[PDB]
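The chain below stands alone and is given as structure tokens, in the form deposited in one PDB entry.
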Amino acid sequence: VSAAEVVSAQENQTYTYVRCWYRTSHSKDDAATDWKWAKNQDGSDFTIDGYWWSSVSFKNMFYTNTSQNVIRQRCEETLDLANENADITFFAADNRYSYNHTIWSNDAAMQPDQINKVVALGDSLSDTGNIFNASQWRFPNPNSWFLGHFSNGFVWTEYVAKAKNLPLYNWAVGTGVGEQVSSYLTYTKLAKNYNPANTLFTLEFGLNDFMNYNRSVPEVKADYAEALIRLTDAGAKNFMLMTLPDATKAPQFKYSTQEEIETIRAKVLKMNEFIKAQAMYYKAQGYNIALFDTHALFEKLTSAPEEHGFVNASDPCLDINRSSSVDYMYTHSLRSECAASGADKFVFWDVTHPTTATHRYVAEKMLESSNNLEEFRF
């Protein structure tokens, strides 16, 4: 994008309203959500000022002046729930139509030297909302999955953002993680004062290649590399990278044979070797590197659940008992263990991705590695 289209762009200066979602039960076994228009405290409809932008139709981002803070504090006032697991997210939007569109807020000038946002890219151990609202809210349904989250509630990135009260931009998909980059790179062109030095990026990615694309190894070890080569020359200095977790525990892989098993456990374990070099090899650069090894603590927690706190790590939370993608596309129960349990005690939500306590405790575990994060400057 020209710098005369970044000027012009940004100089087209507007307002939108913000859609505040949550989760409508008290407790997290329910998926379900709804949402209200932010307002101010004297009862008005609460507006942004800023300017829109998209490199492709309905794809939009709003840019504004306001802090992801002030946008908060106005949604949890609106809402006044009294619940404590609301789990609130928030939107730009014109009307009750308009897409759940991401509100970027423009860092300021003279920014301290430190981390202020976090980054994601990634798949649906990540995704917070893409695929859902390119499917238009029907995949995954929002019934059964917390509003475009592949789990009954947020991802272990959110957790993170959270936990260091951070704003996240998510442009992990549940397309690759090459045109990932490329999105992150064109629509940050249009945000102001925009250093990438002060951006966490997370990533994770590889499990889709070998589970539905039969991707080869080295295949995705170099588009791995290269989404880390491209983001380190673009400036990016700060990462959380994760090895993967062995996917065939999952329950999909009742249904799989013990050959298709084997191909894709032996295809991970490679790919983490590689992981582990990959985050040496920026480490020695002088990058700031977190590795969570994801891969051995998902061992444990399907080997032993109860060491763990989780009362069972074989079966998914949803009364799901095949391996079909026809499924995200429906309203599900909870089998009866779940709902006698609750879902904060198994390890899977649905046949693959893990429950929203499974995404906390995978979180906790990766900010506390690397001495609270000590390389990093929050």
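Numbering follows the first chain given and starts at 1. What we label the rigid core is the largest C-alpha set whose atoms superpose within 1.5 Å from one form to the other. What changes on going to the form deposited in another entry:
- With a cut-off of 2 Å and the rigid core superposed, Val56 has a Cα displacement that reaches or exceeds the cut-off between these two forms.
- The Cα position of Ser8 differs by less than 2 Å between these two forms after fitting on the rigid core.
- For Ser370, the Cα coordinates differ by 2 angstroms or more between these two forms after the core has been superposed.
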Given for the second form:
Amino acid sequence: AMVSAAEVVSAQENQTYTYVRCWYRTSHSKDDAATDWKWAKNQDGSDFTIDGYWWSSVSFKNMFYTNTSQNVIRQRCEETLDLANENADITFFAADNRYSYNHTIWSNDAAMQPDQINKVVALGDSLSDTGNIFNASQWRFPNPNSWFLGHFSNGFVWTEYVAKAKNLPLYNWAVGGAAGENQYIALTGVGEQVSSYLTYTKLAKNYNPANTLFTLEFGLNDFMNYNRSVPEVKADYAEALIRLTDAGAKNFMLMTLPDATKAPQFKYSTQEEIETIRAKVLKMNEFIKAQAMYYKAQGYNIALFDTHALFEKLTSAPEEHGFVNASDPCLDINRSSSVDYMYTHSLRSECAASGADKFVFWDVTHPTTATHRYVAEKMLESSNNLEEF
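Would you generate the structure of this protein in the form deposited in another entry, following the form deposited in one PDB entry above?
There are no partners or other molecules in what follows, just the one chain.
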């Protein structure tokens, strides 16, 4: 059951209030990842507060549960900041004071919800993480001057673009790792993400898992550091889907893995290492397609997007997709060291000239926010903008 019914009522009845931290990109340019924050206000100038309750598992990572909708909170942030900036890329969190870390706000659903997708729940790695490893690392990994507030990019990741296009709240369980290295590998596992999603949603009011759109992508971390073999990663992926569908999940956005060996990171790897990872990716992608077919045959709503085929096109012919460069990071990083994520980096001259929206890669591994937007747009086109869901 994860949390007893008694524990749930006791936590839900422990009613209180908290404040809202409104984050925003300080520059009008997506070349600058730097952010700042302001407390949300009401139109009369008074502090905006939200009512609800706190809950943390043995993780001690506190989530605030409110009846106030994500749209109302976003609206308060937008009006408070009054930034005539198209690239403000506003995000928000619960915080009692300046000492507080960035707590996720869960907006409780109404008892009478229509049978329709009303939220996005993301699971995965640094292709989806919006702040979990950042929060875990105490706002250090990745550096907030060169990576957009805990996202491994210069802005929003594909899940945020998918959720925004559909005007849906996004709740993130994805956790960034370290490409080609062993840092955080016992903490980033999809098993722990599914367990966490199953524990925290038990505290939500009127939660109907049938109304959640689940996104899932992982396996590249394990293939890059040799932590889990192809069959071990296939088993982990199959387990995540078994556990989620057994817990009432009905809707999934699945994707094949892009060939990470096409990223700037692998300029510094040996050909032997590259061919090994490429082969694991190809093997995993056939399994992902088989899993999508398996759940579709059982009557689940599955949208499978071939991200692998898209990144093959993006890296071989960037000019056909609106990019000038798919071979270098936009940031002036010329090695593959996890240590670089702790520091500030200038843009390399070619990226300063063209703008970050014309580069496929932000750093040696991760796509820029323009690439994330393109992937989101291509996925939304393949799924005919909520067709099966």
